[PDB]
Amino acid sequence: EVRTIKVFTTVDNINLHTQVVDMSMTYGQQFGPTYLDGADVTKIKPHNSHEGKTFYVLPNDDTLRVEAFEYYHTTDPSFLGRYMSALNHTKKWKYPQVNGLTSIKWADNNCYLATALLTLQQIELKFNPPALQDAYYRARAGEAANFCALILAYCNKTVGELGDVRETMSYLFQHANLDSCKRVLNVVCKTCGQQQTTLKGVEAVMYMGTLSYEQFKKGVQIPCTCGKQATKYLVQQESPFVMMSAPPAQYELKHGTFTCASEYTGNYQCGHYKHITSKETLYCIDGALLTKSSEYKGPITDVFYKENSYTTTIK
């Protein structure tokens, strides 16, 4: 007896492609690698309950290649498999609302993803890939499973891997519209003189070396090629936020002097992030957990500040 069902294949879960599948054969034999809401059904034969359902496949014809690139803005061949594999886990995570923001209950070392997600909801940022636009919209509303899986895929992290918040934000920033952002810096060595530099996009909003936006404006000491120590300070800044980062060190966060920050406790190969946000008071969101304090001191590695336009006074 020949037995078939109709299903739909997709790469973006919007554009559907009608298929007829033979119930005596696996999905793999008919589509190649096949997924049902994240689950790998490649080695599985069609079930009656599969009729009418949407299955993800890999882009193995030109029409799917174009749909996938337009939706995700990547042509990494392993992207979709990595996204599905992550999603099969992130759809089981919980996404509690904590002080008005979508967080993530701790699981699978995802603390770095929680503080990244919490941070995104406090800074002005638009993603370019439609996949991130759509998934971020849902994540804000509370259904963050697809967004978290996409973050993992874009950053080439698997569920359970330890992540770095700064690196994760770098990847997300690459897929955001920061074209308007501009940074002008000046480096002063007393043996070589001055030298001014201009940064754009992602490099205009990220700095590594100090957590303090004010100290960045006043000046910070760095090496120079002659062996002398030079001073770098901020000449001009155009962006809706800035991100200051440093290796984790004890730091004091004051209410109303910053938007949010990331705290890291542990070592290089093992640790835990928490999120601090400055609202009517200082709230520490640790996944599903919430505490408050008027003052805060702890090992801070990233601090986020609001900005529109800043011009320096140093002549």
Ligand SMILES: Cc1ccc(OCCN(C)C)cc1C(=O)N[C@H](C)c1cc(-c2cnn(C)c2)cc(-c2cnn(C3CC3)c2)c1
The other form holds:
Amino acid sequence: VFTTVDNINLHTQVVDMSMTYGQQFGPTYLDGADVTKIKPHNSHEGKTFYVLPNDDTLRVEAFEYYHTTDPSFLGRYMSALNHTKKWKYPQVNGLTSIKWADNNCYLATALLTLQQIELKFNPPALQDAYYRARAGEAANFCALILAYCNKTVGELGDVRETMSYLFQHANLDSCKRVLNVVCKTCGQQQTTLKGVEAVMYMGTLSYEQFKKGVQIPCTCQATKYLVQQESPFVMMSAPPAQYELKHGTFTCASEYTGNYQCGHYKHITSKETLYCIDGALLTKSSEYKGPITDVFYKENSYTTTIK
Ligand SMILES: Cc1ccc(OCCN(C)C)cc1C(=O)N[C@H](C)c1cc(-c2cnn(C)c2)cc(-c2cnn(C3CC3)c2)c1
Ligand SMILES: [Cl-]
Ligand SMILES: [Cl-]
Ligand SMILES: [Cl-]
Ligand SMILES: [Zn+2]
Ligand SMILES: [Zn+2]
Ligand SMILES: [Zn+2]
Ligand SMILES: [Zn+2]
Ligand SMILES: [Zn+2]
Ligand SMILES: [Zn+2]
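Same protein, different condition: the form solved without the ligand was shown, now please give the form deposited with the ligand bound.
Every chain and every other molecule in the complex is listed next, the one we just looked at coming first.
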């Protein structure tokens, strides 16, 4: 049979039916199923298996593909995959979504959002599954998202927190945000965020209000406005509150209805008209009013007019 850690480079192996897979190769998986406590059967022979890194060759290959050295990672990825490959991934409005199952509402919103923002993942495993998710087979991608976020199937997820962990494994080095804070006593302070901090802001949903200026506390209340922003997109987050989404003013948004952590997530996207994707369900409207917590805007470069 074949054992591998990345499903790219296959290592050939010969097995004995008297000793279980766990005796010969350590923890072994087969399509998410755990064959560690299962003896070798005749149905599968010469097939590819997932094994934990036990030698340095596998340890290196495991980093080249996943960019992590945590031994628990492979197990968590394999256990999430066993759920995600049973999920259904319908095509809603040309985007790949997830039919509701196991509190995946936050996963569906993130998946729909990722198909609409420009993002390059550093781990080859993330990028390869990202591509195959856009094609309609997002099982391995959703499993990887869970493993990289230290979350399990069924656990409650925050879309803003999920996007953050994904952005830290994405190439956002070219992104830059220049801010200026104006306290009357203190004066003017210029800070320059880069990477994940250049893309996300918590406090307001309106990108315009961020450009105008947000009232922030200072070491002395001051005002923080956006000076220059170079990034393929920006994420504006805020606690869930009623908001009016206008057609053409944003890319996509996260609607959150319910109590803290217990609530359910919906995805609103701005196409030729406002669409609302709740798993496999699609509703159309010209205007939208509802409780929004994240809004994704498209950007390329920007420099403020006030100096
Ligand atoms: C689903 C889910 C899953 C997991 C989860 O984990 C949170 C804990 N993490 C550290 C692991 C949160 C959520 C969740 O409800 N998110 C929505 C978006 C949420 C809702 C509410 C809220 C308040 N009252 N009502 C009825 C609703 C408040 C905030 C919030 C306000 N301020 N902020 C941040 C600090 C600045 C976040 C966020
Ligand atoms: Cl890394
Ligand atoms: Cl990374
Ligand atoms: Cl609603
Ligand atoms: Zn090899
Ligand atoms: Zn990396
Ligand atoms: Zn399940
Ligand atoms: Zn399941
Ligand atoms: Zn001050
Ligand atoms: Zn839900």
